[PDB]
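Encoded as structure tokens, the following chain is the form solved without ligand ATP, with no partner shown.
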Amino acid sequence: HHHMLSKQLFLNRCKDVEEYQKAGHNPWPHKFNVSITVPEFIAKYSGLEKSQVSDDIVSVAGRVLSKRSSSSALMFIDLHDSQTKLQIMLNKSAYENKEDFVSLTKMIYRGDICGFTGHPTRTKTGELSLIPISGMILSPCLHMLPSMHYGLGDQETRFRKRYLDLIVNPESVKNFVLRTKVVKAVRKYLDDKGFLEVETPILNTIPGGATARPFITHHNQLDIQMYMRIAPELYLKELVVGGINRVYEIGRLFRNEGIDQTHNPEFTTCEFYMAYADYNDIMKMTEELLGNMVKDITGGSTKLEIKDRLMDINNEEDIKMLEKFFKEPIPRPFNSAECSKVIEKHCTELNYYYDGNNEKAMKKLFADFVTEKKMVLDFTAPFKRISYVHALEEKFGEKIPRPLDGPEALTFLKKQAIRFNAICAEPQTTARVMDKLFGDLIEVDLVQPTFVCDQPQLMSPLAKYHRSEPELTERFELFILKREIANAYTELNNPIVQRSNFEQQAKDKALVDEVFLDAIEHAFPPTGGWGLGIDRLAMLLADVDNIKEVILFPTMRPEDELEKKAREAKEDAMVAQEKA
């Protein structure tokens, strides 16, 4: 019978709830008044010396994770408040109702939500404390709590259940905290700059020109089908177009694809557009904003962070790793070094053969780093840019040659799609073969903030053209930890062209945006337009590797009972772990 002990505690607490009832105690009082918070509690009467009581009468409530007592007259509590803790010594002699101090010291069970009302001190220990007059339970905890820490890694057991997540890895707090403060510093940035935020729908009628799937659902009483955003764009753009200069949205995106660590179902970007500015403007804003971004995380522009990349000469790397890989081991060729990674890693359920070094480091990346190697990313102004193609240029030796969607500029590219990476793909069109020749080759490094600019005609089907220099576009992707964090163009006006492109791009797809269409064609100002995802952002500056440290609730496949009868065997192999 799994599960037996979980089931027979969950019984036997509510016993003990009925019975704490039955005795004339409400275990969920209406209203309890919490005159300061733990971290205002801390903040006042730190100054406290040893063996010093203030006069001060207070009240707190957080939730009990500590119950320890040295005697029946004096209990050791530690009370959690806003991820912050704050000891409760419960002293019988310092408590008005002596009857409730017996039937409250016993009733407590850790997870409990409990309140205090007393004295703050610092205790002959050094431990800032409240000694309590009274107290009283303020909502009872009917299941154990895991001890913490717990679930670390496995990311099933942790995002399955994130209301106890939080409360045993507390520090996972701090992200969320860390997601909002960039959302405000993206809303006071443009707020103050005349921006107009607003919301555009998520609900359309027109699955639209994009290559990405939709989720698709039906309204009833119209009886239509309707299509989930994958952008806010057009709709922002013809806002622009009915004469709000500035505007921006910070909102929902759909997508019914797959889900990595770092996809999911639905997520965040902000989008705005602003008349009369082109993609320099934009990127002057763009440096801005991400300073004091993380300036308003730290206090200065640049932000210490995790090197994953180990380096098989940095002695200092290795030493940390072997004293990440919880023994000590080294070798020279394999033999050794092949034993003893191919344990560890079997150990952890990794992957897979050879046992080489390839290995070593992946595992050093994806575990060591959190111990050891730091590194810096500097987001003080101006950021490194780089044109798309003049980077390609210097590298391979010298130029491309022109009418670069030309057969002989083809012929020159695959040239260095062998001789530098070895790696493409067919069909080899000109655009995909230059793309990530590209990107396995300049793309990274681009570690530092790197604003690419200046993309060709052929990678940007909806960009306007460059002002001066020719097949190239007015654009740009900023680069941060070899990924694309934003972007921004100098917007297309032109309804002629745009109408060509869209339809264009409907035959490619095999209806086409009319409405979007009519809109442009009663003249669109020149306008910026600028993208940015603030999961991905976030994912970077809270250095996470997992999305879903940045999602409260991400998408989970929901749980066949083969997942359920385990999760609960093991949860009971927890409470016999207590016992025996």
Contents of the next structure:
2 protein chains.
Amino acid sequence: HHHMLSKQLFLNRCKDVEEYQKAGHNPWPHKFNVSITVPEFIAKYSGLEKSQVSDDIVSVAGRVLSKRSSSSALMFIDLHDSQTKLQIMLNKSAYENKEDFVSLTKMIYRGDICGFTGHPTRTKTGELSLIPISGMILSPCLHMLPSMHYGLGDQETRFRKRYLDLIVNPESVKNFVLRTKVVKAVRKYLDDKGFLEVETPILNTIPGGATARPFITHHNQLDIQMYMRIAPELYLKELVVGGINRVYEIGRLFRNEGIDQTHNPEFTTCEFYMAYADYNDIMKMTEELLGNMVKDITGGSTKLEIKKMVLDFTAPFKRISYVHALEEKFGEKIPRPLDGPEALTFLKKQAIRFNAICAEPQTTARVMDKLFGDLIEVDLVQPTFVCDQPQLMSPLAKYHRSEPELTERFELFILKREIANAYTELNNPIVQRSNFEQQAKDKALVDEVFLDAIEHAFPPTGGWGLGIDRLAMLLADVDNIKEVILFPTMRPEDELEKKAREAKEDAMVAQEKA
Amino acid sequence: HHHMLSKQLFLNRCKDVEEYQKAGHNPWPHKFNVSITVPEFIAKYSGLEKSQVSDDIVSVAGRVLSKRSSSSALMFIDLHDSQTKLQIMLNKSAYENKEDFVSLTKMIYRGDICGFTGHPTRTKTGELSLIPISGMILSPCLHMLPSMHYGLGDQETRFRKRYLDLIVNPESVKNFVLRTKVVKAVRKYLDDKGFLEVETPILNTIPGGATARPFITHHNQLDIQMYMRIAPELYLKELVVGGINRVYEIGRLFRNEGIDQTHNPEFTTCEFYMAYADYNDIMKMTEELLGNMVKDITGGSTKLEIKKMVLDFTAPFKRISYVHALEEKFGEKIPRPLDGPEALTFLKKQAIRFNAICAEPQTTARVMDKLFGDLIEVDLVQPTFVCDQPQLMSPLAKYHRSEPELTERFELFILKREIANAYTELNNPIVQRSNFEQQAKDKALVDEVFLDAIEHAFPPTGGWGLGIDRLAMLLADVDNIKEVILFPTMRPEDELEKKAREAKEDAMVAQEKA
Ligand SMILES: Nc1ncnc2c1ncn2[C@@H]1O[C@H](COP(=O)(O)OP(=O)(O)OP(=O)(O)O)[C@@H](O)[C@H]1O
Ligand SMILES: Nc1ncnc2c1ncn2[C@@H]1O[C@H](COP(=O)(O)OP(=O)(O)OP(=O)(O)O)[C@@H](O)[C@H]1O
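Just the form solved without ligand ATP so far, so send over the form deposited with ligand ATP bound.
Time for the whole complex; same chain goes first.
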């Protein structure tokens, strides 16, 4: 008989509650006035010591994670609020309503949300506590909360029921608080620099020239097929055309592709565009911003990740040129026209020499990308900008102002992976048109609106993009993106894994009762 | 021959540009260092007076909206930046490169993005200007920018090409700057009160019990149909269950319905949930927040909208009870069991008396809603909370703690319309279950995850929601939501309105040249 005991416990718990409601007690009261939060409590009354009782009358509320008593007239409750704990010493002699004292002290179940009003104290055991004059059930818990900790690992039982995870693994909250701290740090930095935070469409009537598979939907009244955005770039750029010099958007993007530890179907990035700025300015800005972030997290620009290891966000960051690093380790330089014959015939040599086996098709772009990917990326642990990618690698970028066959852009690598990137955006409408068309033919309708917009003179502009989820990952020292996303996209379980899950869920309980 | 002259102008403009590029001049330079923005310029050098020339060398950049000369050695350019203008007095005798002076002063087209480096001055005409030592084209404009102003009204030519609108109607920028100012005002207020700004899924595997038609999409790898969110409520509430006491999200919602002046397929709202708080607290918070917003906009809590009229955001706001206002104007009170027979038979009386013709079906909820909608809503111009809606009207709300047949919630009405709303959220898992099931049968799969979550004791919580787009509308004194949305969803024009549009676009030019 499938999950026999937890059904039994749910039913008996509902019973307990409604009989507690006839008994005269409203299990879900409308308002309990909380005079102080338990972190504030700890901050205010830590100066107390053993057996010393404050004269104050404060009221707190949270979730019971421990109910244990050494006597019928003396109970000890671990109440949890904002991921910190305060003990509740329920002493009968100190409780006003002796009749209610009993009823409350029996009805309380582990998991119940409770409120208590009483005197701050520190017991003879050193444990900071509150001695209630009056308490009340604020919301009864109808299920057995898992032990503490539970779900380490087995990530799916955690992420499917995030509300349980945050309770039994409170440390995980530290992660999300970091993430918010990140986005704020971004916004502030940009806002203080005259940027206008805006909102551009998520639904588009044009799929975009990007190769990534988009989520596809349909608008009924207009009877048209629409697509979810892959990036806000075009609209933002149209805003810079429109006269808003500095714009930014921290938005939700959508890719209908695979799901792994670094990919979620819907993710969050930050893009900004800044008129009359080049990728150098954006580099300094990036150093500045990430710097301030890390120095909030710690105090110095140096962080420590996983035993230990240090990540030095001290300005300036390392920076290297692409083809200059490839030529730095190949032996000597590379043939001119990089997209040419001699350069590919040359590339293949180190693409059989340096333990590098490239793939098919063997495009110059591909052998160059793999040679840089296995070879140069490997020991890029410290924050470093890889700059001046070739036109071979950069279709929609602007040519480098000095040295030929290169472009003005960079990719910020930290800990083997790409965190952010920037460009001296291409503002040539003719070239942009050619590239857009050539792109559309390559993937075989183009965004003529945007082409028109930039045809109305798009100012020299610096573009920047940051992976919010991945930056959060890197700063929380986690290797799974679901660790920095509250409700990551889960494959809906059928009744197989469901049945197994519940079955184990009883295996625990039967392990207790026997 | 369709749009004959603007094609001609585009081609001749491209010509002009490339011949200007052989001539030795790069039409799209990579970096122009702007030493000062023209609002900063005006703020710094306004103290100058007629014929007085500063010794400083500053450089500015913007978009030419006027090129006019009284001599070949003296040109006057209205350069626009951040929606303000600075005149550029190009005097040959003050220009270093006399050879370049000429070339630049001829190549410049109205609409070009230009940069100038020179001395701040105020001319004998009182016009604050800058006399360049050197200038440069930063990005050429390949089309004829419409006159100023243009597109008033004819909202669609504006909103399809927003980048033009923001140029020829710079006042419209004031609107969007307001909107951002709004969201920041929200975030701050909440952030300073311990709230955690979070991000919940937009894509869901469950459609939701709401009646609104959702946008429908498909995830390929999981081979499952997914739906775009109607509200973040459930997830946020799961976060409050999880131990995060105060959460909020300013997010993008999606409704696959109609498009009008107050509706856009994708819109933006703010929701927050706050443990151990009731709708009264949320009322005071609402007064506080909106108050601060308005007082930033002006200086006092009193605003002025469209001739003129005043909106008094002074705390406290007016507040009335639903059935108490209906009974305030009906004549006397209403029969008990409001959902009952005598109450409907009673309702029909004033639903033939008070010029009120209700509709079919004649549900008690419907006749009550219409009677309140035509009658009580009408002269609610000042910010006022309509509170204590009946269970007839409130399916998923919590019963009122005192007076029967009412619930704990409010709707903030300003200027005939609903701006925000709040609840003392229902935290009874059994009742919530019953309501969810009954709802699902009413619209005929339910969200069992959320039901489980609240079954694990959901604390007494206050919920709040605000219409960001509509609040922005109301504070910008506009009657169209496209006025506060940058790129509102437009029905893609076929070649009919397209051809007509371009044809008129030439009618203008031919009106000039003849
Ligand atoms: N599914 C996703 N989840 C989280 N972030 C993503 C996802 N897809 C793309 N990004 C972000 O978008 C940016 C550009 O990614 P790109 O277009 O290279 O996708 P990709 O080829 O999948 O990259 P990678 O293979 O390195 O994940 C990256 O900085 C990354 O942080
Ligand atoms: N298409 C939309 N555009 C902008 N805001 C919307 C849209 N749909 C809903 N909202 C917002 O959602 C909130 C709840 O709206 P509701 O569920 O009553 O939709 P509705 O029945 O269309 O309302 P109304 O008819 O008053 O617009 C409102 O405060 C409104 O501001």
